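S.K.: For reference, the chains in residue letters:
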Amino acid sequence: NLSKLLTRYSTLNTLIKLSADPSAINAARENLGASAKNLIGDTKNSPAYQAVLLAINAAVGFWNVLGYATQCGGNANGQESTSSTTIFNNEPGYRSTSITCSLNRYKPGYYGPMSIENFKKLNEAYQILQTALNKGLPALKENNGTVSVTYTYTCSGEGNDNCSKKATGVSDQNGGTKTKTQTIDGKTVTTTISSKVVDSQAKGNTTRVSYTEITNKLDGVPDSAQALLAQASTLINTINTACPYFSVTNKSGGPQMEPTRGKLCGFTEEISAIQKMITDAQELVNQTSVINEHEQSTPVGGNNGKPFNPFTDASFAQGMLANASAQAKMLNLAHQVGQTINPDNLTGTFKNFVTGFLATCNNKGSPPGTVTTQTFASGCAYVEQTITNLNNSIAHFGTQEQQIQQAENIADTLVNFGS
Amino acid sequence: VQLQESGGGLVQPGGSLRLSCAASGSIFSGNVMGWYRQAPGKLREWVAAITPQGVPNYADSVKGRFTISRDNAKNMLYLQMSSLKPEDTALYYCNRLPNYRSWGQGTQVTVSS
Ligand SMILES: CC(=O)N[C@H]1[C@H](O[C@H]2[C@@H](O)[C@@H](CO)O[C@@H](O[C@H]3[C@H](O)[C@@H](O)[C@H](O)O[C@@H]3CO)[C@@H]2O)O[C@H](CO)[C@@H](O[C@@H]2O[C@@H](C)[C@@H](O)[C@@H](O)[C@@H]2O)[C@@H]1O[C@@H]1O[C@H](CO)[C@H](O)[C@H](O[C@H]2O[C@H](CO)[C@H](O)[C@H](O)[C@H]2O)[C@H]1O[C@@H]1O[C@@H](C)[C@@H](O)[C@@H](O)[C@@H]1O
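Here the protein sequences line up with chains A and C, keeping their order.
The first sequence runs 35 to 398, 408 to 462 under the authors' numbering.
Following the authors' numbering from start to finish, the second sequence increments by one per residue and tops out at 115.
What the hints contain is simulated information worked out from the structure, not anything from laboratory work.
The beta-carbon is built from N, C-alpha and C at its ideal position, and this holds for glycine as well.
Treat each hint with caution, since some may be false.
[Claimed, not checked] For each label pair, taking beta carbons as the anchor points, the in silico distance ranges come out as:
id : chain 1 : residue 1 : chain 2 : residue 2 : range
1  : C       : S104      : A       : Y145      : 28 to 34 angstroms
2  : C       : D62       : A       : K285      : 49 to 55 angstroms
3  : A       : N326      : C       : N59       : 28 to 34 angstroms
4  : C       : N59       : A       : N178      : 21 to 27 angstroms
5  : C       : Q14       : A       : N178      : 58 to 64 angstroms
6  : A       : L36       : C       : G56       : 26 to 32 angstroms
7  : C       : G56       : A       : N397      : 43 to 49 angstroms
8  : A       : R42       : C       : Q14       : 29 to 35 angstroms
9  : A       : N326      : C       : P15       : 20 to 26 angstroms
10 : A       : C299      : C       : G56       : 50 to 56 angstroms
[Stated by the list, open to error] List time: in silico EDC-like cross-link candidates among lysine to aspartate or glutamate, alpha-carbon distance up to 16 angstroms:
id : chain 1 : residue 1 : chain 2 : residue 2
11 : A       : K175      : A       : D76
12 : C       : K44       : A       : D55
13 : C       : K76       : A       : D378
14 : A       : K71       : A       : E427
15 : C       : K76       : C       : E47
16 : A       : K175      : A       : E327
[What the hints assert, rightly or not] A short list of chain C residues far from chain A (calculated; beta carbon distances all over 12 angstroms):
id : residue
17 : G11
18 : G16
19 : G17
20 : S18
21 : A50
22 : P54
23 : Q55
24 : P58
25 : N59
26 : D62
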């Protein structure tokens, strides 16, 4: 019997009274619209935005911590090389803004060097992420944003084929150029590749040897969240799949890395975590289309100016519910991203890694995405700050979270009544 | 997976009350925590929140009169209430933000002369 319910569960009687009242239902739908703007239209104040940013920053930070220590080398086919030096610029190397892949004779592979094929993949994703972070991520609702990205590497050494026609696509290795246009998203992305040779005795050449320099200029690269998360996923998965050898320089006094030698995928807890964050951020961003597809802006009420009937006049409810559920699901995944990496709940060597390296910068802060001779061995990706801002944004989403729950309960009541 | 509020009672307008909430570590550690209230005839409304780093924020209806605080050593959450009015009469609940989906029993506060 129902009177006997509405004693023991008083807030349910209130819920039913609201579910039969168009003005209360409309008030809930106006709240959904506003909380959706907070989630997908804002940046500083959006928990969703901060959780995306955090997931990206952790991937980038992971590499800033470990890239300098990671061996890479060999030739273009994944093959060993007898004497090849390949230097990638704007990367966090030891006491340098470049990383040098100069490990010969050893076969690239697991617990060996990272092939240059993989390093190219990793590097491209890294340059893109660092350029986007630097300009600032757009709000989640903005997808038609793009960014331009430029990056360079150099090949020296006898027999080094990492800058050749086959590796590059450029017919002429000296002064040549190639344009191609793959389409990431349903978006076109123009890539201009260009090559120049610099002889040993050419003027203004520090390195006493002669080299080829490849420049990549990518235009119209998607800077949306879905796009950038795919880049972070590529970065962390490339690392995890190549699983190259690394060894670190443990600085005097310092914070201390363990293990000192080993293989990059040996950081299982740290990589799992980052992969998890990216996965949860991707599911979170996917809720955006559910929210857009179910606008709550049209007022509801009876028809033929007769009283509202929650049993028949309520077909909007499925969509209201789907929307509210989406917003709620966003907020929970955002929280869950934060809890994956937040050191308050981490333990043992995964905690040392985050508190002593990942959530740390050694640059003299400098803006997001800048790479300096001191970047190595620290995250330099605003991780402590992003965690703090994610928490602040959630704390300031108190009201909206409750409004979403009420909207979901009104809708859910109406979906029930209609059957 | 446990939330226990206490400290509620019947007070006069102008009164003070300190509510307490004993949260488990799961819920409390590294999490934003907050207070809520559910008044006669209404659904549950958010009242205040506080980040792990101790930064507090408040609903307009209580700002300037209520203070929220947290003891990280003992997983405790506190709400100091001042200048109570009849309108503050309600069941008060703590939870984390976003909410763990089982609520404590809550603690009744009644402001009245
Ligand atoms: C190995 C190399 O770099 N050779 C290039 C040559 O460098 C020597 C000269 O500068 C020479 C001056 O007399 O000095 C030598 O270094 C000296 C110092 O100068 C000295 O002071 C110091 O103490 O001692 C060292 C070492 O003993 C330099 O090593 O310079 C040539 C002129 O710039 C250059 O040839 C030119 O550039 C190339 C790209 C091409 O356009 C030519 O037509 C052009 O003349 C030499 O570069 C190599 O040229 C050879 C000869 O044709 C090939 O083209 C080669 O590339 C192909 O073959 C290899 C296999 O061995 C790969 O399979 C690759 O895919 C093919 O494309 C090319 O080497 C490549 O390009 C150079 C610039 C560099 O990036 C290498 O890493 C590449 O392998």
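S.K.: With reference to the structure, classify each hint as holding or not holding.
M.R.: Going through the hints against the structure:
1. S104(C) <-> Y145(A): 28 to 34 angstroms: Taking Cβ atoms as reference, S104(C) and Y145(A) lie about 47 angstroms apart, which means the hint is violated.
2. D62(C) <-> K285(A): 49 to 55 angstroms: holds, 51 angstroms
3. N326(A) <-> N59(C): 28 to 34 angstroms: 29 angstroms Cβ-Cβ, so the 28 to 34 angstroms window holds.
4. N59(C) <-> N178(A): 21 to 27 angstroms: violated, 34 angstroms
5. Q14(C) <-> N178(A): 58 to 64 angstroms: holds, 60 angstroms
6. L36(A) <-> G56(C): 26 to 32 angstroms: Violated - the Cβ-Cβ distance for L36(A) and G56(C), about 46 angstroms, lies outside 26 to 32 angstroms.
7. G56(C) <-> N397(A): 43 to 49 angstroms: Hint violated: Cβ distance 28 angstroms, outside 43 to 49 angstroms.
8. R42(A) <-> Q14(C): 29 to 35 angstroms: holds, 30 angstroms
9. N326(A) <-> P15(C): 20 to 26 angstroms: violated, 47 angstroms
10. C299(A) <-> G56(C): 50 to 56 angstroms: With a Cβ separation near 38 angstroms, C299(A) and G56(C) fall outside 50 to 56 angstroms, so the hint is violated.
11. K175(A) <-> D76(A): holds, 9 angstroms
12. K44(C) <-> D55(A): Judged against 16 angstroms, a Cα distance of about 14 angstroms means the pair holds.
13. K76(C) <-> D378(A): holds, 14 angstroms
14. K71(A) <-> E427(A): Given that 16 angstroms is the threshold and the Cα spacing comes to 26 angstroms, the pair is violated.
15. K76(C) <-> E47(C): Given pair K76(C), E47(C) is violated - Cα atoms ~26 angstroms apart, limit 16 angstroms.
16. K175(A) <-> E327(A): The given pair, whose Cα atoms are some 12 angstroms apart, holds under the 16 angstroms limit.
17. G11: holds, 20 angstroms
18. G16: holds, 27 angstroms
19. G17: holds, 25 angstroms
20. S18: holds, 23 angstroms
21. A50: With a cut-off of 12 angstroms, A50(C) comes too close to chain A, as the shortest Cβ separation is near 8 angstroms.
22. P54: violated, 6 angstroms
23. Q55: violated, 7 angstroms
24. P58: Since the minimum Cβ distance to chain A is about 8 angstroms, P58(C) lies within 12 angstroms and the statement is violated.
25. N59: The claim is violated: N59(C) sits with its nearest Cβ about 6 angstroms from chain A, within 12 angstroms.
26. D62: violated, 10 angstroms
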